[PDB]
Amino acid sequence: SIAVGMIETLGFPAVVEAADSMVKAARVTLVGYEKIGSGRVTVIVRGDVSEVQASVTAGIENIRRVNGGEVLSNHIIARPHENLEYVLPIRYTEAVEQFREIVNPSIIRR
């Protein structure tokens, strides 16, 4: 089960710290950055519901690290299932082909 977590700040440096804390505190992907004007900016993360909840909690508190940081709003929205894709840079090709060596073609326990 996946969800979306959002933090809206009044000020750009704070939204950067918000986005950085979220992806560092839980296993989420930073998916969006939106601007509606009037100094209001939002960063959006996506991932497992428990991870999203931990990202948002650890994104709001760390705004206090920013001299001048101010949070406006925050919310979490459940998201439908999706066949999520993740393309890696071509330098990790040697990291992918060896992961295939650690998996085994048999899915049976006994």
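Numbering follows the first chain given and starts at 1. Residues that one form lacks are left out of the comparison. We call the rigid core the largest set of C-alpha positions that still match within 1.5 Å between the two forms. What changes on going to the form deposited in another entry:
- In the core-aligned comparison between these two forms, the C-alpha of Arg79 is the only one from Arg64, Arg79, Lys35, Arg27 that shifts by 2 Å or more.
- Core-based superposition between these two forms shows that the consecutive residues, three or more at a time, whose C-alphas shift by 2 angstroms or more lie in one run only, 78 to 90.
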Contents of the next structure:
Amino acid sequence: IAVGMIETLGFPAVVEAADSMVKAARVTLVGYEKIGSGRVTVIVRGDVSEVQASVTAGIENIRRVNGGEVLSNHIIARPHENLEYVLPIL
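Having looked at the form deposited in one PDB entry, could you now put up the form deposited in another entry?
Below: the lone chain, stripped of partners and molecules.
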């Protein structure tokens, strides 16, 4: 099951990404990650095509947020088992 994530400069933007993502498709919102410098990441899990739907919707909708910026985004279709317990993507 695929993992999708959107990284924002700012917190209100990550919440809108999160919201848009879980409304747009069949994905489980599996938390968010803070790494400093105002960089925050929301992460979801589901079918690869649902996760694409989610990420696209998430990026689009930070245009709605006043002062929002997407810094990065990515999808992995077939994430290796080892990552589940090292990284906070579960």
